[PDB]
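Here's a solo chain for you in structure tokens, the form deposited without the ligand.
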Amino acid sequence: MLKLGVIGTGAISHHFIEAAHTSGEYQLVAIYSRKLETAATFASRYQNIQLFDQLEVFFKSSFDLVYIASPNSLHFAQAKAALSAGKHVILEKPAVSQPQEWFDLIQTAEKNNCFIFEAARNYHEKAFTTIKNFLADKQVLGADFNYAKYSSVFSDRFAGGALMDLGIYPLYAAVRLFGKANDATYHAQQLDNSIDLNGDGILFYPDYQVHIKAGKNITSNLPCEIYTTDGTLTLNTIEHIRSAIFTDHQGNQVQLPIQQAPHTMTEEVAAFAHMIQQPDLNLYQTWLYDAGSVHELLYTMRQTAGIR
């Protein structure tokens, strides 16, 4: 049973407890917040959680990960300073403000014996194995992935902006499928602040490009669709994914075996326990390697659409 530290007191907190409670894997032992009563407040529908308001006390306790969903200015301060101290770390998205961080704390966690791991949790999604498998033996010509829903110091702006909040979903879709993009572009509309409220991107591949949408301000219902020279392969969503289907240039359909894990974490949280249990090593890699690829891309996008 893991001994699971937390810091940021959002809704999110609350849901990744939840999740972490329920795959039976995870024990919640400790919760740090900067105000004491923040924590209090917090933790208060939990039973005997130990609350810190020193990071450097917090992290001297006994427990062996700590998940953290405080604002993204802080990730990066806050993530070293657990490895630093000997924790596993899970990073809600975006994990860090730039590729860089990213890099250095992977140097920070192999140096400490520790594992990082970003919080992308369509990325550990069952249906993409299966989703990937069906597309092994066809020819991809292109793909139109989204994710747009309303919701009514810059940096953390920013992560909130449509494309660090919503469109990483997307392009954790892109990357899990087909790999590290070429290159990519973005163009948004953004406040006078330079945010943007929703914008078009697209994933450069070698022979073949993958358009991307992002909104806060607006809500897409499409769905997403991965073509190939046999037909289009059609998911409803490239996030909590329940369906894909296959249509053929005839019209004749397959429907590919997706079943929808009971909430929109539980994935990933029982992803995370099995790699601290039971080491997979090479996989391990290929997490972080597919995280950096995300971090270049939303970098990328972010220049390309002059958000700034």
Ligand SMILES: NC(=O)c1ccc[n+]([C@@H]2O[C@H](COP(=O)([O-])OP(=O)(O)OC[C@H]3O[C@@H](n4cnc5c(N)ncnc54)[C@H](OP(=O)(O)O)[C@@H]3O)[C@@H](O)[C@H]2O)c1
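Positions refer to the first chain, counted from 1. Definition used throughout: the rigid core is the maximal C-alpha set that superposes within 1.5 Å between two forms. Compared with the form solved in complex with the ligand:
- Just one residue from the list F117, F128, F158, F178 crosses the 2 Å line for C-alpha shift between the two forms on a rigid core fit, and it is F158.
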The other form holds:
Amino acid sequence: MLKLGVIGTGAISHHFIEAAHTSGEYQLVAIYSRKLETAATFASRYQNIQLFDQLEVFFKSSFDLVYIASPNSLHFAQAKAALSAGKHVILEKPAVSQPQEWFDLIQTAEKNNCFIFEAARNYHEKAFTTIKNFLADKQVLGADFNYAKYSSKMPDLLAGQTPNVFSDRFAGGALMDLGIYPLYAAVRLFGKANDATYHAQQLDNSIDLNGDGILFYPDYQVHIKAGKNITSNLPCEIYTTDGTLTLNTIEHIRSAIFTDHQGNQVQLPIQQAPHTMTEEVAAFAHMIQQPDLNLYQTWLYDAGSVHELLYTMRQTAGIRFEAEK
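Given the form deposited without the ligand, state the structure of the form solved in complex with the ligand.
If you are looking for partners or other molecules, they are not here, because only the chain is given.
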């Protein structure tokens, strides 16, 4: 039974803990916050939880694993300290702001004999295994993936504030916050791309409100759309020589249907999970309990591929964070 520490008192932390408890494989025991009162307010719905407003003291406590859902810009430093203190780390997406940070995390992890995982919830969905198997004997000719929805932080932005998710100080933007999902889907299904491009509508601080990119593969390309000031409801498509696979989304996928060039249809057996994080939560605890180091190596590798793509795409669009300026 895994002892769970948590950083970040956002709603997402509640969602993770709720999935972790439900799996029957974790037990929350500790919470860190910048303020004790915020930790208390967060923890009040739970029972017997140690509270911390000092990261140093937090990491010296007895737990096995820490879920980190702080702002993007803080992920690296907090995760590195967690690993140095011999804790396993589940790190919310996007795990890092630069590919080198990911490689440094891995080294730090190996040194301290701990697992580091990016909480790429869509990547672990059983749907993707079903979809990849289906395409195994097919020849892919292209794809079109998106994730664009109108942020709850839009009113604050429009009123002249700069919410963390739209700030260059906190490594935000549509590509970082949402575009990472279709990138993870592409890597899951197609592996590492050859190259990538991205162009975005940007705020004055260079952060992207929305954008369009392409991932380049040997005999095809994948259009990527990300957006936070717009709502898209476009399905996601994968083209093959014999037809088109239509996925309703590339996250928390609920249907996958193949149509051939004569209009004959095949419904892939998709069984959406009750919650968005159910499958990653099971996968992570399964890995720590019964290590498949080969599977672990691919998770690390695919995360590396995603963050290389993100970084290339930010560079082409001119999306620059404060520490890069």
